[PDB]
Each structure stands twice: as C-alpha cells, then as structure tokens.
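A single chain, nothing else alongside it, follows as structure tokens in the form solved without the ligand.
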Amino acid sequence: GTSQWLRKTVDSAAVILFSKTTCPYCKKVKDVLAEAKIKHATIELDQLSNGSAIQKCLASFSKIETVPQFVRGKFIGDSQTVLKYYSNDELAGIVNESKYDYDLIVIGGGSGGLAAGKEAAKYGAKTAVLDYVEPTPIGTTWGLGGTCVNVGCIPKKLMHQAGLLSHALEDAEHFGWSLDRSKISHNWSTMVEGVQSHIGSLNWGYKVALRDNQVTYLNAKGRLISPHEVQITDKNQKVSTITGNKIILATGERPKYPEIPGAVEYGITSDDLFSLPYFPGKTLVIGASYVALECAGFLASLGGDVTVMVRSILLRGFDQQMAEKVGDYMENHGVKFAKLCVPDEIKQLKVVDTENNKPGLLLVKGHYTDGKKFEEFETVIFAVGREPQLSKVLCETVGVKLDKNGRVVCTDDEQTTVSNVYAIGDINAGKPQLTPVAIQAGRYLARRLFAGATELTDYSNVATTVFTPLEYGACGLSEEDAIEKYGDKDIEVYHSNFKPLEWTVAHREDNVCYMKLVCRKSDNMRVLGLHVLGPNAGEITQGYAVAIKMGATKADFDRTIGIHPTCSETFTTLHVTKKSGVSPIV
C-alpha cells in the first residue's frame, strides 16, 4: 500500500529528496542543491500521515533508514556521499544521467500542455514542449498559447466586450451624459488591432516563461512513433527523433467543415474571424453551438447584418428552457434566424478584394426540413463543431486506444493504454472541453509524475458561462436531465425573473432575466443545477460552484443573506416553485 506509492514515486521522479523540516543534515543538502542550480522535489516526512512507514520503506531501495535521501530511480547517497560528489565535481553528471533526452515530452503548446510543462520543470524534470499551428485553408496562423489564447476565449470575450459597450453608450444618455448614440459608429480593424496586440503579448509572455523555467520550446510538429520516441519536423522540414521518459498528449482540436461545395473554398471558421483584416459585413453563421451564437451576438452589437442557420436546436446539451430564453433575447435584438434549415452549397459571386480591404460576395443555397428552399452574404462562418486529428499525431502501432470520436480513452488519472503516455485537455475522452479544466488536469498530473502527489482532478459539476449578448451561467444538471434521472415527482424547481437595478433608469426590459434552482426532494432538497441568465453571469455563477461542490441544499441558500443592490442576491430568497403554477415575474 504505502509500499506501492513509494516505489511509484521513486521511479518517475527526476530528482527527489526525502527530508524533514527540523533535520539539520538535510538543510545542508538543500543548500548544496540550491547553490548548484539543481531543481528537485522534496518530501518532508514529518508532515505525512505515515512518515514512519515511509522511512522504514525507503531502506528497501537505499539499505538505510535515515532521512537525507534519488535520481531517476537510483539512490544517490546521504549528505556525506552527496557532498563528496559535489566537492569532487561528480554531482552534475549524476543528476543529468538519463536513459532518454527528456524526462517529459509534451506534444501541444496550449492551455493544458503549457501548464503541464511549467509545473514539471519546477520539480527538476527535464522538459520539452512542442507546438505547431497548421494553417487554416486560407493560411491563417498564430503564435504560442493554444486555441483559447489565440482564436478562442480571449479574443471572443474582448469582442463580446466591444459589443456590450454599445448598450453602455445607449444607457449613458438616460443617466445624464450629453452623448448621442445615434451618431457613433464602430471601426472593426481598429478593434482587431487592439485585440491582436494583446494576443501578441501573451505569445511573448509564454515564450519568456518557458525560457525562465528552462523548458525547451521546439516550434515543430510532433509524432509519437513509439512509447518513448517522438518524431519532430522543422519549419525547414528537417526530421529528427527525440526521446522522452513520460509523454503527455495535449494537441487539442480544430473546426469542422460540412462536406458541401464551396465550404472550404469560400467560407471561414472562428479560426480566421478573430484576425480578419476587413469587417465581415452581411454575415451568415452556420451552426447553433456556443461558438456560433457568441460570435453572431457581438457582430450584431457592432452593427452588422447577421443571420444564424439552425439545423435543429440551439445549444444542444444545455438546459433547453435557458437555451430558448437566450435565443429569444438575440432575436429581439437584431440577430436573424433561419430555423430548421441546412446548407447545400456556397457559390462565389465576388472574390475577396485584398487591395481595397473588402470582403467578397457569396450565394448560399439550402433547404428547410419540410422541403421549401433557401437561397446572398458577404461572409459565411461555419461553426458546426470541432474534432481532434490524432491520425496526424499517433502512429497506430504505438498502442494508444481511441474511442469512436477520435478521443483518447484514459483512466481517471489521465493515463492511456500505454503505461508511460498520458492525455489531457480537449482530446481526453468524455471530459468537459474547457480551458480551466485543461489547466488543472495538467498541473495535478505533473505533480503526481515528478513530485509524489496523489490528488486527482475532479471533473464533476464544472461550471460554464455562454457569453451571448445576455450571458447564461450554469453549474450542474439541466432541468430535463434531473427529471430523466430521478423522476419528476422527486424534482422541485425554484425560479424567479429579475431586473438589474442598472436597467431601471435605462428603460430596459422588466422580465427577461431569469434564474432557477433544480433540487432533489428526497436528498434534503439538494441543489442539482443552477441556472442564471443576465449580465455578469460568469461572475455570478463562479462562487456558487464552490457551495455545489460541497453538497449545498436549498436550506444553505435560504440561511445565507444577500448582498443588496446586486443581481446575484436573488438566489438567496427564492420561493416560487414551478409545480405551484405561481408566476415568476416581478
């Protein structure tokens, strides 16, 4: 038991020191390692639940039981032995002795891979991270940091914010400011400049941060040819093979395209939208996911003429009453919808004018589910899902098992069917596809491999926010999911409309914002899911995700007092139930 942990820890750690805080002979070793620039993990025996057993158990490797004791599985010595290697100039060569080039190779430099790399490096692991950005069909490309940094959460929430500031210009007049919203316009390329300027500063920050943790950054495409061999390819095409003890796969996903004529040739995806040199103009967004809705939302707030093509429903997998309230708000505020509709081909009427910086022109043809026809836009953005391309990363012969969708099947500690290879982030099968999830898995995984830790990532009840023009925050089950799992008779739902105080003087709507709490009667009225639609929904929801992790019930919400003038306080006084039939309005 304790036997198996210690044998595991001593085998994968690069440089580890077993120690005590009060021990003086250990501080002498720490000081030598500190002085010689030797990074290492450290286990202070005197603060562990079974430090006595561990100390006795260490003798099985070192034939001693005292407490200043390891490099890559090999016992090195006590303080006397280590000082002697130090004095005689032998110490640096033993700590670099390795069967492989790196203790860890990370394939993919995004939210999870950068986070796993930086954490391993802190415990002495010799570490390389690989990153390469295959261009889009028109050639768009970007720098280190992954999908969120460059073409995901960071540029889309900045663009969300450009769009919110438009209603702030509307609201300012009613609070007494002299401006006239009706004679202000928005300049797209000015906005893209500021957004890209911030993205480039993150590109630079990550490069600076790997340099300062002594992580090798290879800007190269990687391929696992064998359990410890990674084939890399240069920007000059030069092919080479590096070796690593532990491999972490963290290569993420890219957007899909429908198999129709003109899709790849004349349409774009979100990959291209966030650095586009011209304003998209009259835009058709094809899709109904959060990417499609979020992008269609801010393009509308920035003045554009915007249509969304919906195959079946909005936001599949999320609570469908909230999805529809989200949709009704957008449809009431500009965004147009072609419902139960699908595209059949894109034809080109004008080519993109690179000179004068202008979009092209396109004819879009399709049909509705009843057969009726759909038939002009300047930009077509496809947002019809995302997928990994592991055939380009992972030679079949290696042995890494995949599920039917192309994602990696992993144990609950991120390990693949090949004992030294792990996977994190979007390509980990059945996990929430979110940046904060990728970062926590990567950091905890790196501590287990090189520092003796045991903590797992908890993937249950992870909160979300959809940054549509009115935001929608969620934590836990949807309403339909709770009923499907426990029966309607066992589910109680408390809900209420509300109106932000900032909307009163601005003459905004009375009962569009909405929140609800999905509970379980038989389990002391346990909160199964939380849903809020309104401004700052992400800030509202986060704090509640902690109490749900702790098993919060309706009583825990009742007995907590609200903070006044806020929207979030409405959760602390909810009382109208859906079965009561009472109206939720204010």
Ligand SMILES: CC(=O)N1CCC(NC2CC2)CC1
Second form
Protein chains: 2
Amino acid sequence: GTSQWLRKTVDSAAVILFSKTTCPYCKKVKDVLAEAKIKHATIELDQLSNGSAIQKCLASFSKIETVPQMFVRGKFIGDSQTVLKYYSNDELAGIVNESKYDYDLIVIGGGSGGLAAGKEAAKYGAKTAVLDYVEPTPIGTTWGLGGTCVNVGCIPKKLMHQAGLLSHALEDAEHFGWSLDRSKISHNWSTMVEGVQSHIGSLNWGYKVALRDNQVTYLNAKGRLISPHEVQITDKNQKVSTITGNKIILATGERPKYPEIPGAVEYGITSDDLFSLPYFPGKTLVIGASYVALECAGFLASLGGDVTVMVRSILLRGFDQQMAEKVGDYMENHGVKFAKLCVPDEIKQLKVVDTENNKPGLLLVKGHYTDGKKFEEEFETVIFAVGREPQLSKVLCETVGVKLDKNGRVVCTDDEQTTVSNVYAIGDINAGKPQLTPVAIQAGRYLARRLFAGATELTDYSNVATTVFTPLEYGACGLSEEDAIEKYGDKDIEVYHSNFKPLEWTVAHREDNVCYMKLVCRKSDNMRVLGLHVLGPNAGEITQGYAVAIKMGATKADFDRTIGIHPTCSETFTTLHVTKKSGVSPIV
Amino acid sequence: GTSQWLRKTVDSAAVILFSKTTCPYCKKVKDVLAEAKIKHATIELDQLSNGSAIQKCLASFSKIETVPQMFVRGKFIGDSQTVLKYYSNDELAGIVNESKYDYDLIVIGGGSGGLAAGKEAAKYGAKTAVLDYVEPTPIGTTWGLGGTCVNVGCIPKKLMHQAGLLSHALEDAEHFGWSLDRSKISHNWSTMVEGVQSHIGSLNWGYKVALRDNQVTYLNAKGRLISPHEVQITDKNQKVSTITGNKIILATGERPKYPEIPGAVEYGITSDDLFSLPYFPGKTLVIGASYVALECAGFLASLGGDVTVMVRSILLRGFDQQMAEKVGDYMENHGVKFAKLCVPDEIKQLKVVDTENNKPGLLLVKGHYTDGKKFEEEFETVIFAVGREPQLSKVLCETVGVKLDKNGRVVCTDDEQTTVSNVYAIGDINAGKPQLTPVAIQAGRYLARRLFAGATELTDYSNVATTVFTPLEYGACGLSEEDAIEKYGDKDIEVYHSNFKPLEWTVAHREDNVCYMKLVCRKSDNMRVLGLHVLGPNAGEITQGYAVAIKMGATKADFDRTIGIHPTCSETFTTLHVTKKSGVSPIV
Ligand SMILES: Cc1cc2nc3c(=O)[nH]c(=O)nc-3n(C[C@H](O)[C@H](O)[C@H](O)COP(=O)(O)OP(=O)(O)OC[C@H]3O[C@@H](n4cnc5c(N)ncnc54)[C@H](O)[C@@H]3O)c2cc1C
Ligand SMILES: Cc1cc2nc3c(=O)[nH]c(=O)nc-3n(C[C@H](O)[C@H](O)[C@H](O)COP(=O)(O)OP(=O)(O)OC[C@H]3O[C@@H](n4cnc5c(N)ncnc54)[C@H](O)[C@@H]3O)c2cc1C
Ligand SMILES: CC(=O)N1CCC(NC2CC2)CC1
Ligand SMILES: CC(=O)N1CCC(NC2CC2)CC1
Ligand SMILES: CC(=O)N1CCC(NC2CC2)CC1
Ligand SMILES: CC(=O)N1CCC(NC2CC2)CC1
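May I ask for the structure of the form solved in complex with the ligand now, the form solved without the ligand having been displayed?
Up next: the whole complex, starting with the chain shown before.
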C-alpha cells in the first residue's frame, strides 16, 4: 500500500516536487522555483527505501515515470521542460496560486501549538492564516499574541519563581563569605512585574515578526467554524466576515474556572490576572491544590508575602502522592500555611481595590471543613486555582459535527483528526493528551509536516516528563508508585530510593534529608524503569535527560553501569541500592 | 566455564555460604552466623541461571551436593549439622578467623577508590586494612583522611565555584526586584575558607567513623610493597614494621607537578595549598591550562581578584577545541586576562609572605612568548597547574614485579589485575583510565565484589561524562567533534547545534548567544550520537541523564521523539535541527 500514501500526499500538499539528489534536471527546476520566491515540499526518492515503487505510481497521476515532477494542490503541473515553459511565459505564479479556498490552512488559536503549526505549514508552500484573540478576564485583563504559556503561564511563572529563589541565594551568600545582610533587604513587586512584562512584550513582537517573515497572515480576530471549510471572523469593532480554508486546525486552549459561589467572580482573581497585577497582592489566600496553586503560593511566600492555601482534599491529584506530600511539607516548613480538608462558601468585600494609590482591597472569606467546623478570615487578595476548561461553544457550531467528550474536549484519532475529515485539533483541547506546551508544539509541527510534506511521523504522547516549579522543585517521568502497583501488583514492583543533600547546601547550613529521589521498577521485565521521581534544586534540568533513556526502555542495570558526574545532585541516580522492601532507611 | 568460576570464587572469598532462598536448613546456618556477628558472602543458587551445574561442581570441593555449604578462605567447613557443632562447642570463632595472612585485603591509599574498595570488602567478611598518609607540600600543607577530591579537589573546588556564582546572583537579584546594591558588597576570603574547611573536617571524621563501624583497620602510615604479600609501614614517629595480606589494592593517586625553573618550588604554590590558604591570593598568576587552571582562575576572578592565566599552547588539551575556546572567550569577557603562547623562565622573591599579618608576599615573574618576545610582570601569588603524576617509586619496590608504563602508571588487565596475580590497582594510577572520582569508586566497589563475593561484573570505562566547572560550565559525554571526524571521516559525520539563552538571563540582561550545545552523530549508523556537548548553567545536571541514553546507544531519532520539559535549558536538546553542513546560523 505505497499507492495510498502517495495519493494522500499528492492530494493534501500545496506545492510538492518529486526529485532525486543527483539529477541536474531537478536542480534546474529547484533554482527556478527559488528565484520565483515559490516555496514547496521536496521528496528526494533516492533517499527513501522504496522510492522505486513510488516513481511507478506517479504515472497514475502524470503518465510519466521520470523525475522531476511538480504538483500543485493535487494536480500534476509538468516535467522540467513544461515548468520552464510556464516560467518564461509568466504563467507560473498564476498556476501555483490557483486554489479552491482562500487558504490551504486556517489555524484558530494563536498559542503554543497554533503558532508552531502555522509556521511549519508555511515552510512547504501552504497559504496559511493564523487567527488569535484574547477574551478579557472579569476585571478586564488582556494581553498579546502567543497564548497561555507566553503571557500568563510557563514564562512569567518561572521568572517569578526565579525571583523567589534569589531570596535564598542572598541568605546563602553570607555563609559563603559575602558581606551583605539579608535581614535588611526587601523586594519591590512592581519592579519585578515591569521586567517580566517587558520580556513578554519582546515575545509578543517576535511572534508577529515571525509570522510576517514566513508569509503567514495574522488576523487578530475571534474565529468561529460554521461549516467544514468556512470560518467566520469578528473584528475589534464588531465587523463580521467569512474566509475559507482547505484544512482547519483548532488550537484555542483553555481558561481558568471559578467556583459557583457568591463573590468569586466579582472579588477574586486567577493566574490570568496575577502576572500583570499592578500592586503587591499582600496577605493572600490561594484556593485549590493543582500545580498552579502550589507554584503561585510558593513564590509569593518567598517574596515575603503572607500566604495561605485552602485544600479541598489532597495536593497534586494525579501525581505520585508520596512526592506530593514531601512537596507540601517543604512549603509548610518555609512559610506557607495550609487549611486542609476545607472549602470556600462566599467572598465578602470589605474594601474596594484602590486603583489610584496601587493598593489591594480587603475581603472576608467564609468556608467550612469536612467535619463541620467553620472557616472565617480576612485576606487582601484571593486567587482561584481550581482547574481550567475549554470553551468550544464559542468556537464551534454544533451543526458542523465535530464530536466533543463530556468535559468539552475534542475527540481525535491518533493523528489529531476530528470526526470531520478536514478538521484537526491540537494542544490542551485534544481529549486525553498531556496538557503541556512542548507537547502542543510537537503535535502542531508534526501534523503540518504530514498534511503538506508527505511525512508519516506521529506524535508520541507516552512517558512525557514534567516538572513542578514549587520552592523545592519536583521532576517526574513515567508512572507514579501507586499507578505501577495497581497495574502490575505489589510483588512485581521494586522501588530504589535515597535522600540526598546538594553540596551547595553544606556551607549554607540547609537541611540534611529533605531532597529525595526514587526509581519505580518492574521485576518480571528485567527491572525496567517504570517511573523516575526527584525532589531537589534544578529538577527540570536533572530529569530531562533521563526521559530519553526511559523512552528507550532503560532498566536498573542501565542506570548502574553508567558512571556519575561529580559533584552533582543528579549522579545519585547512578548508585541507588536501598530498596523499600528491605526496610533500610534512605537517609544520607 | 562454570567450574573455573567456582574455583576462583572459593579460593579467594573469606567467608562464603552457598544457599537457596527456600531452604530451611540454610536459614538455620544464616541465623547462627548473624548471631555470632560473622559477616559473609551468600550465593543463592536458585537465583542463578546455571545453579544446577554449580551445585554439582561443589562436590569436587566438599564431596557433597546439597545446600548449605560453608567455606572459609578456600576450605570447606561443613553443612548445617557440622556448623552447629562448631558453634555449640565454642569452636566457630577460631575457625572463621584462621588465616595464612594478617589480612584478607590491604588497601594502600585512603582516597576515593581505596576507601570504597575497603568498605565494600569488609561487607563480605574480608579482614581489611586501609593505609593512608599525606606527604606535606613544600610549604608544609597537610590534611586528613579521604584523598585528593575530598580535601584538595572536587569538594573545595566546587564550593569555591559556588561562592563565585553567588556574585552574579547578587547582581541578578536587583533586576528581579530586590533592593540590595551589588556595588557596595565585598567578599571575605578567610570567612569562605573557614566554612569550606569545616565541611572537609566533617568528611575526614565521617570516614574514620565509617571504617570503624565496618570493622576495617585504619593505619595512618606510609605503605611500601616489598613482596607480593608483605607491606612495610612507616610510623608518624618513624617506627617500621611489616604486615601481610592475601590481596593487595594499590590506590595511592597523584600529586601536582612543578616546572623545573628557579623559584618555582620556593615561592609558588599549587592547588594542594590553595583550598586552605590563610590569606587572599591577591593579584594572581595561574600557570597552565588544564581544567584545574581554568576553574581556579575562574572563581578567583568572580571573588574580586586580578587574575592572569599563562597558556603554553591551547586551553583544555584533549577536550573538544571549539568548546574550549568558547569557555575561554567567556572568561576573558568576564575579567580573566590571558598571556597566550607564553612560558615561565623564573620566579624571584620581592617580599616574604607575612604569616603574622596574614598577607601574601610579592614576586617577579619572567618568561617568553614563542616568537622570542619577553614577559615580565609582578604578582602576589603564582599558582602552578601544569599536571599531576604518581609517585610509585615510593610505593613499589622494583623486585616485586609490578609493571609500569612510561608515565609511571600501573599496567592492568580489564579486571584491574597487575602483572602480579594477587595485586590490583584502581583510580588515577591505573594507566589509560579516566581520572575521576566516580570512576575510582565504581572500580573499587566492583573489584571488591569479584574478589570476595563471586561477582563477575566489570567496570565500563567507555563514554564517561565529565563537567568542567568554569564560570560558564562545560558538560560533555563521548567524542569531541575533531575526534569523530578523525575516526570516521568528515562525510560520515553530521553535527546538530544551537545557541540558547536561559530564561533566568532575560530579566537579568545577560548575553543572548553565548550558551551553546551540539550533538555529533554518525550518518551510516542510523545517526548514532557519538558525542554531546553543552556550555551553560548547571551543565553537570543537564548532562548526567543523557549519559544513560548514550550508554544505551541513543540516536538522533531517540532525541527527536522525546518531548521537552519547559522552561529548561536542557529541553533544547530535544528539538535540534540546524546542521553545520547547512551553513545555517545557530543563533536564536
Ligand atoms: C499558570 C500556568 C502555568 C503553566 N506552566 C507550564 C509549564 O511550566 N510548562 C508547561 O509545559 N506547560 C505549562 N502550562 C500549560 C501550557 O501553558 C499549555 O499547555 C499551553 O499553553 C497550551 O497551548 P495551546 O496551543 O493548546 O493553547 P494556548 O497556549 O492557551 O493558546 C490558545 C489561544 O487561542 C485563543 N483563542 C481561544 N478561542 C479563540 C477564538 N474563538 N478565536 C481566536 N482565538 C481564540 C486563546 O485566547 C489563546 O490565545 C501552564 C499553564 C498555566 C495556566
Ligand atoms: C583540583 C582538582 C579538582 C578535581 N575535581 C574533580 C571533579 O570535580 N570531579 C571528579 O570526578 N574528579 C575531580 N578531580 C579528580 C579526583 O580528585 C581524582 O580522580 C581522585 O581523587 C582520585 O582518587 P584515587 O583513589 O585514585 O586517589 P586519591 O584520592 O589521590 O587518594 C590517594 C591517597 O593515597 C595516599 N597515599 C599516597 N602514597 C601513599 C603511601 N605510600 N601510603 C599510604 N597512603 C599513600 C595519598 O596521600 C592520598 O591520600 C579533581 C582533582 C583535582 C586535583
Ligand atoms: C472580522 C474581519 O473582517 N477581520 C478581523 C481581523 C482583522 N485583522 C486586521 C487587518 C489586520 C480584520 C479582518
Ligand atoms: C469581551 C471583549 O471585549 N472582546 C470581544 C470582541 C473582541 N474582538 C476581537 C479583538 C478582535 C475584543 C474582546
Ligand atoms: C607499625 C607502624 O609503623 N604503624 C604506623 C601507623 C600506625 N597507625 C595505627 C593507630 C596505630 C599503625 C602502626
Ligand atoms: C608516616 C607519616 O605520617 N609521616 C609524617 C610526615 C611525612 N613527611 C614529612 C616531611 C617529613 C613523613 C612520615
């Protein structure tokens, strides 16, 4: 079945040239298309295994078997002589631009996955439009091009994390001989926000420049898919029009949820608001226990804030719960307060936010615990981090026929196709996929190569590593301990673990046995590493490289025969030997 | 095959029990040995592929074929009934202690490898002595148990590096909103030295406690091997004596070299003296260009010093030379001066060191460039970092028969055996091996297991990752680019590379295109990764995990299908695409 690959490739591509590396008649067609500023995909057949059979099947469209052969939007155009005839007759530009729709591709959503898909497709001659719009938050916050990660997620989160880490660096520097006095140093919230927002502005602008230089049309517009090939767009002044595209990629992401309780929307905020907030939050309550809740609470305390987290049930639901508890214990020991097994009932306003003097307001939070006892306390800022959800009713007409699941996410095949054959979805709205920025980028780039350059590589969504940037960071790749035990049984699981202490913490007089790591392994499969977990500084840097080994099937013997780099935190993975079944302590 | 292994295992093990997991009489013997504090190896025949063959071969030694069987130093002792008889009759202790020699093992040298070998051997019942001595430096410097890395190597070097890193952390903190003024903060050298030396002292003590708790005899003595089984030991008071051992492990390491020029030994120092120097070096000249030279020049400059490095020919000979040059370019941009193609001719004393007032002296350094021009300049401190060498003529009487190579290192088989069948060598003095602390530890532990516990695993010295802790760190694993081209030819080698900027450097306004990473791959072996190189922060944490993947045979495709962790520096390895042959720019 090489024939049905070739048919799908020729059908879907915009401009594609079948070529060979040594053929100089091919080279003359290349240099002609380059000078004409015509972009295209190229399939070198001497570099593919079965390029012989493909050459034969090209005759089914073109009635010739030689190379080069040029196609445009499913139609054969000519061999060398015919393409040069079109060029010197000035007929070539009209032929490549002839299309049944306005665009080969329309991307709805200009974030991590959408921008990456659109730029990749434009590399192969696909005429591309990228639509993006930011619906404002209840208090009116808005931002520029690039999506959740760039503006209100990974980028400003980690910069603010770094600002918190530097407070411990100032304390540490005294013990290492520097003459500063940490107790006499304080933090300016608005200076930090100005620097963070200035970096984000350079990224908004770089993405506009990127799209321009790839000949991608950027429309700042709210998109709505009304039929398989029609997208209705609405302007900043409410002007409405319609554009048409061959392929459609949905990549509109999610926004934060609010609890259905009085006062929440009126008087609370979310992470959408926190990263450009013009005043220090002050005494803050963070409601929820996701990674967003814990990351935000953690740097606020490190910047000297008075911080409480209200937890309905457990921390980091879905992550390894031994690890989650070590994360929260570290936080509790370094100034974050927890109200456990608790839930909010209402937010009362006591003092309006003072815009002129750059001051928070004042709120009264009422709630109750699972036993029945009551919660009541005042806070200057209340931040909700109780999940995120898509809003596809605003994007999709029911009549088009794109199937959603019961959470509102799009049901896709393993190549991102929806139930409507020309419509695909990527990123956080793809049901069941990990909701991470590098996943959405890989999904979008690989999809664009399949649609417009005849690629076959799929995205692999298994064993994707994560890092939670709490004050002590937590990296992971693979199964939690409890998920492995439940899948294979407790007698088939072996766990190797150890505490450790970074060398940097010795002269600084930090704790001896808080950093921690383990390997969860399958006995009956040669001690296969099923999950890796580490709590310590620089956990993202530590974890990333092991994700390649786990993808490759690493076993415990693979970790053992590798030698460590000394002195590092990471090298402790190369000499693990204490098992949980042995009952031997893991302390250093 | 099996029979030669069994003969080897029985002959050299001190106390060993042959057993099966489900064998109630074996359990009877284990309990008696545990109750009598008799340490021993154990081989569970049911856990071995060919335990059936082994069980039959045991009769060639004991004339029985059941388990348990207990041996001591090559002699069958009995089954369960016979062992209990010796126990009940108060005869067991003297049986398990009977030996032709004072010790089952004598380790000459108490550093990284030797301490690890000694402790591991004692775990299996081997009666063990560890000998350690520290020959003072020319000005009298000395230190405690633990070797080069612990006292005058990796540990104090990386602590001082960390002190240097904190100066940039103090600068960065302003930009992230903290109120300090970096320009009014200074560094106190003796305060840092006191904290470093306190940590080292806790490690000196920890090793003495560990050897005690493992029943290893520690002798603070200079050792000399005068025949295959006799070690002469000389006292702190010059008392001489002789001990005997069955097996000998040489683990005496190396010391710094001095160039043969007037004034070098009298008025200069080495790294052996630097890590406990009671005064700040002041204006300093580092002579040499190894990683020791550049790491020391590096943190001295970050701590406010006026620093010059005098380079005979190139930086970091034997490392990838493109990366070496980026390392040195970064140092030159951040204050380190270089005198290139230059060599020293003599050191003259202008001032004597002032021990009382705690101040360096003053020196005049004279030398010449390779074209004949003259070098002449004054310095307060001159550090020689021009290599290290063993001193085995002090350890190894000629008549013993242990063969050395032309550099004076010990020629060993792949199981660390020397030319004398009961004598082994590990660590820096094993010719041709990487000279690193984790390698010496792996070699010593693995060897002890083969000698006293029947193990067969050998140490793997290939593709061992390294990290150079210059102000911008350089991590690596596998071949340099020039080595790969030399070995396979330029047309079979593809290099993927990219610049990157750490997110933490954005708000701090640090350099855009200084950090750098590349993968060196072999086209004809499925784009196998031959070498990985990265220059940036936390380079050792970044690199370690990739070393497991390389050990496993990772290819470029394995790096592409792995998803990144965002935002990290390390994730840049998972999306590399610009090749050096393309000529496309690697900047961002
Ligand atoms: C606080 C926080 C921290 C995070 N930290 C990390 C982290 O450290 N690492 C990590 O890997 N991930 C992190 N994430 C997750 C990451 O941000 C997302 O997985 C990623 O942004 C998803 O990208 P996307 O392309 O699917 O959608 P998005 O990046 O959300 O972009 C979709 C865009 O489409 C727009 N849009 C919506 N509807 C329409 C419409 N009708 N018309 C036009 N445009 C529309 C949206 O306004 C938005 O601009 C974090 C998320 C949050 C909230
Ligand atoms: C400045 C510096 C920095 C380094 N940094 C790193 C780093 O970051 N990472 C890394 O992996 N490696 C590093 N190394 C290398 C590391 O220190 C060595 O590879 C390691 O210490 C060698 O271990 P060893 O057991 O072979 O010998 P050693 O650790 O040198 O121990 C040998 C011991 O035997 C003693 N001895 C000698 N002769 C006798 C005798 N006749 N009788 C009794 N005792 C004797 C010696 O005095 C010494 O105590 C560094 C080295 C230096 C010099
Ligand atoms: C609704 C509609 O007609 N559009 C909305 C997006 C706008 N983009 C401006 C031209 C750069 C204009 C087009
Ligand atoms: C609620 C609200 O103010 N918005 C809806 C209409 C939007 N028009 C998009 C920007 C082209 C602007 C945002
Ligand atoms: C006989 C000799 O010269 N030795 C010197 C070193 C001594 N150390 C142990 C604690 C006494 C051991 C004896
Ligand atoms: C065996 C031992 O501990 N010694 C102490 C110091 C050694 N060298 C100093 C320079 C004279 C000599 C012997």
